[PDB]
Amino acid sequence: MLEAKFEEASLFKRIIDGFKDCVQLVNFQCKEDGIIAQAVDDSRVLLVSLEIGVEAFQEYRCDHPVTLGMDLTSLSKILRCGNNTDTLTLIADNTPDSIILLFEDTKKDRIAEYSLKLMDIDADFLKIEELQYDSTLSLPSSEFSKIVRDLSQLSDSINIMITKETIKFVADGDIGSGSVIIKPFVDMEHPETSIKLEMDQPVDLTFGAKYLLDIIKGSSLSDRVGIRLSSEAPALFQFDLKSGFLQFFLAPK
Amino acid sequence: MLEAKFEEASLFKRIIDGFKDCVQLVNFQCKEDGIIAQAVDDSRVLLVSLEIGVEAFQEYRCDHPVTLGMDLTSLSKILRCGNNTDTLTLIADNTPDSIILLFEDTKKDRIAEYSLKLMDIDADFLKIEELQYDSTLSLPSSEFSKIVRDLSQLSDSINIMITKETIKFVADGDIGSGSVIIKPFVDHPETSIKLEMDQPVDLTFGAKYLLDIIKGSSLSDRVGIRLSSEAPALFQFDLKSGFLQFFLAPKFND
Amino acid sequence: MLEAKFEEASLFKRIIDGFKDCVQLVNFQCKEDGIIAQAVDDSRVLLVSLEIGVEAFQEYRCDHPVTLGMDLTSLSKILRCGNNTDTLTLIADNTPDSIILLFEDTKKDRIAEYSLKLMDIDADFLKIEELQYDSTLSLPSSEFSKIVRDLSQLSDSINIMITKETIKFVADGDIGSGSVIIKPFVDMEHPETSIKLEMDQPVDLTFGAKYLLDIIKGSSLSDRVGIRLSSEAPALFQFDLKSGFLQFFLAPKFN
Amino acid sequence: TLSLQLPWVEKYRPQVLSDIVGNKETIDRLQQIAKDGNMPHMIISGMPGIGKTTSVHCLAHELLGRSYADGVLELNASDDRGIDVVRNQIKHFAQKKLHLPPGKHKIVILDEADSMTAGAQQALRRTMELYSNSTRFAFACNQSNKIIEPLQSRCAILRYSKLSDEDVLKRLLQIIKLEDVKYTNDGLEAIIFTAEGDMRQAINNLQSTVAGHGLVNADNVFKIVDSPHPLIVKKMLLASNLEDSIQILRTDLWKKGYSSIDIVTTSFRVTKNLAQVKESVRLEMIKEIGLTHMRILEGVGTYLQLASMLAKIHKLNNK
Amino acid sequence: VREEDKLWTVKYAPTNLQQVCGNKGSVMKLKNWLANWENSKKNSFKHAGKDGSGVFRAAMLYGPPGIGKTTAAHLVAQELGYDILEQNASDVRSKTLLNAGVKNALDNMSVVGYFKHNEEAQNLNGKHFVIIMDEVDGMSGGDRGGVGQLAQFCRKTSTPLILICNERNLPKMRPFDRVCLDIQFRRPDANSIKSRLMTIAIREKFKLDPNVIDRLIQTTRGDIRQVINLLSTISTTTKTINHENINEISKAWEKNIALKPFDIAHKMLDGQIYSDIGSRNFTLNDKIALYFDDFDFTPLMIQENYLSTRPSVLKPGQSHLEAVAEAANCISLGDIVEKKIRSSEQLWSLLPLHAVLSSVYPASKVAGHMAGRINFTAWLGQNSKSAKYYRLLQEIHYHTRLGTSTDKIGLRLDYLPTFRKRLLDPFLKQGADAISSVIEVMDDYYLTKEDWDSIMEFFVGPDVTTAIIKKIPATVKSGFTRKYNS
DNA sequence: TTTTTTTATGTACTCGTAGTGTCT
DNA sequence: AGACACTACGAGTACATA
Ligand SMILES: Nc1ncnc2c1ncn2[C@@H]1O[C@H](COP(=O)(O)OP(=O)(O)OP(O)(O)=S)[C@@H](O)[C@H]1O
Ligand SMILES: Nc1ncnc2c1ncn2[C@@H]1O[C@H](COP(=O)(O)OP(=O)(O)OP(O)(O)=S)[C@@H](O)[C@H]1O
Ligand SMILES: [Mg+2]
Ligand SMILES: [Mg+2]
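Protein chains in written order, with the authors' numbering: chain H, 1 to 253; chain G, 1 to 187, 190 to 256; chain F, 1 to 255; chain B, 4 to 322; chain A, 291 to 776.
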């Protein structure tokens with residue numbers, strides 16, 4: 001029934017690499033309008049929400065909302081068979097017991113087949129709230145991963161401040177202090193690297209370092225990331241490549 | 001005495017790197033014809049043979065067929081220090097207690113002489129017999145290596161099915177299964195697949211041993227695979243003057 | 001008030017990485033002529049002496065001699081917080097405490113302000129060693145590091161022998177033995193690959209493998225390293241930078 | 004000052020099995036073994052400073068001749084001797100090829116064998132069993148009970164005993180003759196008395212007295228080296244009247260700077276190793292000493308606690 | 291290789307099964323077990339046979355070291371045509387690579403048995419393997435060591451599995467209790483080792499008399515390897531051995547092995563040791579070393595079986611009850627010392643004192659003859675049961691906290707004697723129509739069916755509900771279980 | 001005849017994700 | 001530019017303690 005012919009195995013590889021060490025066993029809910037994946041860690045601070053539409057596939061077809069449970073480690077184990085010149089084709093039937101993955105190469109003499117056994121997991125309800133966020137910023141994903149991994153060295157608590165149209169990332173450790181200051185920049189020659197900032201009221205929150213370290217793992221999906229800060233609601237971290245996107249909802253202390 | 005001069009030390013380096021993750025102690029018998037080395041696995045499942053002829057050395061010298069017991073880990077440690085553009089010379093004196101390795105540079109006179117202490121390998125020399133094989137095929141070593149690397153991630157058992165001129169590599173593990181189908185296509191004329199199939203053969207090997215065998219996928223471009231229903235399969239990497247063979251025994255065909 | 005501004009911010013990173021493993025705490029003396037640093041290993045087997053003149057600092061202002069005692073496992077973390085096309089700024093008040101690092105990007109507008117708490121190291125480090133050596137050689141840093149890393153796998157002691165136009169590095173262990181012998185030549189086509197050697201009397205002494213492996217970590221600074229050996233004297237492994245040098249005084253093992 | 008001289012324990016360290024004045028039986032055994040060859044696996048146990056490491060060193064040297072450098076593998080407690088070392092280095096040395104005379108074998112000396120972990124000791128069994136025709140193992144320890152029984156089953160057991168007065172006196176006389184030192188009978192007697200069968204400690208005290216005063220006399224030896232700690236404690240516990248024991252504890256132990264923990268530990272050890280009094284009274288004295296030690300360890304260690312301990316011991320001895 | 295280069299134990303090693311000394315029954319049993327192995331695999335080990343060997347696919351040899359377990363195993367392996375393979379703790383043995391190798395070798399054939407000789411009519415078994423594991427008790431405790439991995443290996447294999455260890459009944463070796471056929475090699479008889487020593491002495495021109503091997507093997511405690519090493523060590527200097535120098539030889543070669551916590555209890559409670567004569571032979575230092583051999587089970591065993599002996603060291607005017615009371619007082623003092631030791635500040639330097647107060651003094655107080663049997667300490671099982679009951683009571687208390695508002699002990703002591711009358715008593719006096727009342731009472735305090743089952747196990751004495759629940763009609767119990775499951 | 005007993009730092013092993021120099 | 005052998009530092013798991 002479910003037959004989805006991927007554009008390239010590397011795309012699904014990256015979309016799975018985005019959240020390797022975040023969750024283990026999850027339930028992909030697949031419908032006709034797209035595929036949604038909701039995951040909640042044990043510490044109850046991040047909410048992994050992955051949405052991939054039909055326009056992200058070279059061919060996607062389905063006629064029944066179904067559920068596919070699986071582990072992420074075995075998923076990456078099957079994806080490790082992928083190459084750079086083969087496409088992935090996902091096959092699922094009316095009785096969900098095993099997903100069939102066909103690795104097809106342009107040369108029709110070498111075709112690969114693999115199988116993934118499903119596990120049953122208690123799925124969680126979708127969190128798609130649009131509660132108003134105080135400030136909204138957009139920063140290149142590589143630079144954000146760099147600054148996060150740099151500030152994680154000093155202290156395990158990263159302070160984000162949005163004041164006087166100046167973004168401040170502070171990390172006061174025991175050996176010293178850390179303070180990276182950035183200003184809103186708009187670039188006209190390279191429209192992928194820019195510091196976009198829209199502020200309505202000053203923001204000042206604290207976040208866990210390992211949480212941001214787990215979030216920045218999705219930097220391989222997109223060239224830039226959108227971070228929405230709010231003083232009364234979980235902050236949003238949004239990656240988007242061309243049409244499929246991933247979101248982390250971090251509940252601040 | 002013995003003084004064997006190589007062309008490039010990288011050749012011997014790759015030779016040792018090929019079969020150094022399966023066996024540890026190897027007996028190198030040097031005779032007037034060349035070097036012959038047979039080594040049984042610690043689990044006695046995979047036997048490794050290696051022949052290097054006299055026409056593979058820049059200069060060969062031998063007054064008596066002499067056995068040298070070598071540990072492949074220390075040998076790899078010694079050979080790792082050399083570069084790609086040196087001449088390697090193995091030297092052994094009377095009453096062999098150690099082997100000398102001369103690395104001589106070609107654009108300079110910098111000589112690096114290393115010593116390697118021999119070991120006491122109380123192992124019996126056995127005889128290898130060639131017999132008829134029901135199927136004999138050849139295919140690029142890198143492709144077989146990637147098939148093994150893809151299938152070993154599910155289970156440790158690899159089922160080989162040669163039937164109706166089709167190669168079927170099956171991996172039945174805990175999380176699903178994996179299947180690879182191969183049809184012989186003879187076209190570059192060098193990356194072709196030459197296959198002769200007489201009897202449809204069904205064997206089962208260990209994925210770890212397959213990985214240890216494909217780790218030597220740097221001595222040639224293709225692999226010579228010879229199957230047998232009641233005899234251990236022969237995986238061969240051909241050389242300019244010798245070969246590296248693995249006699250891997252199949253599992254119980256109950 | 002100490003105020004220094006580097007031309008490239010990665011030079012300080014490469015310099016500190018040299019001491020990162022072989023030295024724990026440092027005490028930078030900053031004067032009007034440049035920054036000096038002398039440190040002793042925990043086991044007190046090697047002595048690190050770094051000197052960087054005001055030629056390296058794009059800007060320099062030292063009102064009075066300043067002493068900055070600090071830790072290297074934190075300074076390296078602060079330096080890795082920078083960027084490849086950034087500039088580094090060291091600031092210290094009139095009384096030395098809580099040194100400030102400023103990373104400023106030259107392509108975009110970015111300010112990274114980091115702090116480092118100083119430490120009160122009672123042991124002074126002002127000793128200078130200026131004595132003639134029995135042999136002075138100079139060889140490419142990569143060629144020396146290769147031999148060191150190749151002979152460190154054989155044993156834990158590496159013996160250096162200097163004879164009449166012959167440099168020998170011997171290593172005898174349990175799995176075998178080895179010896180690399182080189183001759184001093186003059187290379188006209190490339191000067192950075194030549195090997196020079198001026199000897200007064202033959203030398204023969206051994207070092208440990210760990211300290212010799214830690215020393216060659218500074219090979220990423222200069223393309224050529226000098227080695228000064230003498231009869232029972234701290235061997236001088238020197239990497240000369242375009243504004244100063246880094247010299248390791250290594251102590252041999254008694255036989 | 005620029006350099007020091009070698010101590011007499013290291014300078015006059017025996018290099019031939021005849022120079023050892025230890026246990027005559029085991030010494031002649033090892034001498035005949037080195038003369039004939041075929042050295043078996045051995046474990047030498049005893050007390051510190053009686054000639055265990057020197058004995059095995061002399062045996063290995065005499066048995067290997069010039070091949071000592073490449074045929075003997077020395078591993079002390081200062082080096083890593085875990086499971087990984089036994090797996091890699093010891094096995095590589097035992098498997099190493101070496102042309103030796105038809106009466107010699109490669110020797111693996113393991114000093115302080117009582118400190119090796121259980122995993123390494125277990126792995127050493129087959130390591131010494133499969134290469135018992137070209138590699139031999141000699142362990143030197145202080146407690147043979149710390150070595151597992153499977154390892155002890157594959158080797159000979161040599162238990163070294165304390166050195167009698169005559170042997171240490173003869174060795175000290177030889178050292179004095181070789182060093183031209185002025186001495187006297189009472190000085191040597193005091194040295195041997197303070198040595199307590201410890202040859203290394205005896206030679207060290209002799210050298211220290213020589214370098215500190217020049218003349219080896221009982222007065223000098225007593226002023227530079229105090230009397231043995233357990234003997235004064237024994238005389239204090241074996242006192243018949245309470246006032247005598249109290250005066251001994253005050254003058255000899257408390258007024259000289261001996262900590263209360265050391266005093267109570269020495270009292271416990273002496274009462275444990277005592278043989279003058281019966282078993283029940285010894286157990287009661289040990290009970291009281293432990294009751295006192297429980298207060299000494301809690302930080303209440305003073306002279307009053309030791310005085311009360313002595314008073315309770317005397318009350319127990321007071322029928 | 292020459293003759294004088296091997297030890298006497300190697301040149302006199304058994305070359306066939308007819309030269310093994312003692313334990314003939316064990317070697318014959320293992321030989322029959324290995325012979326019928328293919329007869330056992332052809333019917334999938336369902337038929338055990340008259341010998342009882344054939345249902346287990348693995349054999350575990352356990353006994354003291356140096357009696358010939360490995361030797362006999364290798365001998366039968368070479369004699370029955372099985373291709374031998376050995377791996378032990380001297381090689382790397384972990385959960386990662388050892389498991390992979392052994393799994394790949396359980397149902398793979400041998401290339402050595404194929405290439406060596408496979409054309410003659412020797413046996414169809416040469417293609418098979420025998421995985422002989424030595425020093426099984428030397429592996430790591432946890433699962434990463436591979437003891438449980440090997441225990442699972444002994445369940446699914448197509449090749450005979452041979453396990454050889456020196457210490458069998460250990461916690462680490464618990465998984466091997468019901469998976470492999472156990473064979474115990476015991477102390478060899480004196481006649482066979484006597485003949486072997488006669489032969490090895492007449493061969494080496496060693497003068498030796500038959501009167502000494504008895505005391506020799508007695509002090510050696512059944513170890514032929516140690517005996518051979520002893521003769522090889524002393525024969526070089528003393529050419530003739532007899533009843534004159536045997537005392538020094540026995541005193542110098544005494545096997546100093548730690549006793550199990552059962553022999554320690556026997557030696558501690560032995561009245562002859564504390565006599566005026568035995569005191570100066572087995573000194574107090576040896577008595578403390580006895581406890582230090584195993585300082586974890588000795589005090590528990592002493593406290594368990596100190597009042598189960600007949601004392602022979604009773605002072606004039608003292609009864610058995612007085613000595614037992616003093617021993618129990620010293621036991622309590624030693625317990626206080628042990629609590630001070632195994633608590634904060636780590637006062638381990640008080641371990642010798644705990645030797646005297648806990649074990650030495652109470653045993654000396656009641657030393658004598660053993661009336662019955664040396665019973666194992668029940669304090670371990672009682673502590674485990676008490677911990678389980680405390681966990682269950684904690685769950686019950688945290689379930690009922692919303693209504694009870696009391697402590698754990700306050701709920702166990704007073705609330706349960708009423709919960710019993712509320713829950714279970716309406717079942718005995720009303721039948722099956724009182725189920726709704728019990729359900730309401732349990733939901734009033736958020737009780738569960740498992741909680742109801744655990745509640746009835748706390749009462750003791752005249753209230754033992756273990757038979758009361760059986761006296762309840764099964765219809766009422768089934769109705770209650772079905773009602774609570776809806 | 002048969003298996004657990006707290007906390008406390010030192011010791012030893014292993015798997016283990018990770019950071020970086022090297023090879024088709 | 002990239003893939004993967006080599007590797008060293010970090011969490012886990014037990015094991016003694018006179
Ligand atoms: N029998 C002896 N004859 C002569 N000198 C001896 C004798 N025993 C010991 N010594 C001296 O003591 C020094 C050290 O002896 P060792 O053998 O190291 O002591 P030990 O018996 O091994 O006890 P350890 O090492 O503390 S376990 C030697 O270098 C000699 O100077
Ligand atoms: N019953 C026996 N008869 C004759 N010699 C024996 C006997 N048992 C042991 N030996 C000797 O002891 C040597 C070692 O025997 P092993 O079987 O290795 O000892 P073990 O019983 O396996 O105990 P280990 O190895 O410590 S687990 C043999 O080579 C023989 O020389
Ligand atoms: Mg010693
Ligand atoms: Mg054995």
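Note that these hints are calculated values from the structure, not bench results.
Built from N, CA and C at the ideal position, the CB exists for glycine as well.
Possibly wrong hints are sitting among the right ones.
According to the in silico footprint, chain F covers these stretches of chain G (three or more CB under 8 Å from chain F) [claimed, not checked]:
| id | stretch |
| --- | --- |
| 1 | 50-59 |
| 2 | 103-112 |
| 3 | 115-124 |
Sample of chain F residues with no beta-carbon within 12 Å of chain G, all distances over it, derived [claimed, not checked]:
| id | residue |
| --- | --- |
| 4 | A56 |
| 5 | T67 |
| 6 | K108 |
| 7 | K146 |
| 8 | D150 |
| 9 | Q153 |
| 10 | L154 |
| 11 | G178 |
| 12 | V180 |
| 13 | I181 |
| 14 | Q238 |
| 15 | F245 |
Hints, verified against the model:
no., hint, in the structure
1, 50-59, "violated (count 0)"
2, 103-112, "holds (count 5)"
3, 115-124, "holds (count 3)"
4, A56, "35 Å, holds"
5, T67, "44 Å, holds"
6, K108, "43 Å, holds"
7, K146, "8 Å, violated"
8, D150, "4 Å, violated"
9, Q153, "5 Å, violated"
10, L154, "7 Å, violated"
11, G178, "4 Å, violated"
12, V180, "5 Å, violated"
13, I181, "6 Å, violated"
14, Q238, "23 Å, holds"
15, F245, "27 Å, holds"
Comparing the model with each earlier hint shows violations of hints 1, 7, 8, 9, 10, 11, 12 and 13; every other hint is respected.
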